[PDB]
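A single protein chain has been removed from this complex, and every other one stays in its place.
In this document, chain identifiers A and B correspond to the written order of the chains, with residue numbering beginning at 1 in each.
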Amino acid sequence: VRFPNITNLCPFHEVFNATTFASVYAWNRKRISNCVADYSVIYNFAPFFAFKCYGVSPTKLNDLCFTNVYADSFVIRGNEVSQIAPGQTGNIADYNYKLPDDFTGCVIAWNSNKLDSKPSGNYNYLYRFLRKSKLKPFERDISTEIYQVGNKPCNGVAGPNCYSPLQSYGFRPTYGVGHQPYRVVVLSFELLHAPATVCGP
Amino acid sequence: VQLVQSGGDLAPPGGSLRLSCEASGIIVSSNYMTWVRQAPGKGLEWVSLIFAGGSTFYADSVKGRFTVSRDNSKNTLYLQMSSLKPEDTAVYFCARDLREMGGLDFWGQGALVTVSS
Partner (left out) sequence: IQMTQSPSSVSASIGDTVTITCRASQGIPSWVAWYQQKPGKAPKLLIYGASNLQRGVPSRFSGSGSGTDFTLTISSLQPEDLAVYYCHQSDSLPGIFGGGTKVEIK
């Protein structure tokens, strides 16, 4: 049994071992189209808090071929990792990042208190807590328009009954596990009419 | 600005009740709403929380029996108690939630529910 050489590895090392991740509301989506997918380099990273695969077998990833692989990356709290799952309700699953009920992919979330936490407070990661409707699956919403909660119209300047819909995780190394930084990568596998170009060695 | 509360009466150990809160000065559709009960002589206990989108969350004791609803035409927030118990006798408060930027800033007057005879 002989096969052609293994040449074009997919860039999972860039998705996982990134210097900085994106905020939850403006999550980072990376497309993967033409490369042999080595899912064995994922396990080379830190022990994961959550490795949950829906739709496909975790140990049969190299035996499948998909047309596209989407990698969504963000940083959430420790108590919001349960919301990254099909059919969940909460602050993240309704206003920031929604997965479809019939979801095919894998969610990988791991602790990053060493990286994304500062002793004085890491006021960089943001999340949206005010919205007027639940998000559709795989729909982003990047906006800084002042939310309106009262009957009085809100022109666009903050004030009474006028609040910005985004706040920040003030990540600190003295917080509990439920509020530590947690890097989350969601791999979604597409099976469109195009030929399956993401394969496995 | 104002949350006027209505409802609350004696119910049997299996009766169903509905408590209402009419909001003036705020839009119930655009705010988090919370129901918090206080037992007679006890502390404050969180019961229910409805979101602006429509997602509902309940406590472990009241899950499967209580339903928080919202009527948009009358700008009213409802708590429906399908199955009751002697432990549900309390004073219920409907509050506008401003989580992480104020919390429960506006409260209703409270409706008293007694479950006996």
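Structural remarks
In this section, a contact is a pair of C-beta atoms (placed from the backbone, for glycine too) under 8 Å apart; a residue touches a chain by one contact, two chains touch by 3 or more.
Listed residues A:98, A:179 or A:183: the one in touch with the omitted chain is A:179.
One of B:28, B:49 or B:77 touches the chain omitted from the figure, and that residue is B:49. Residues of chain A in contact with the chain left out of this view: 90-91, 169-170, 172, 174-179. The chain not displayed touches chain B at residues 34, 36, 43-46, 49, 57, 59-60, 93, 98-105, 107-110.
Just so we're on the same page, only the chains that are shown with their structure count from here on.
Note on chain placement: the centre of chain A and the centre of chain B lie 34 Å apart, centres being C-alpha means. By the touch rule above, chain B contacts chain A in their complex via residues 1, 25-27, 29-31, 51-57, 96, 98-101. The touching residues of chain A, when paired with chain B in their complex, are 89-90, 94-95, 129-134, 147-151, 161, 163, 167.
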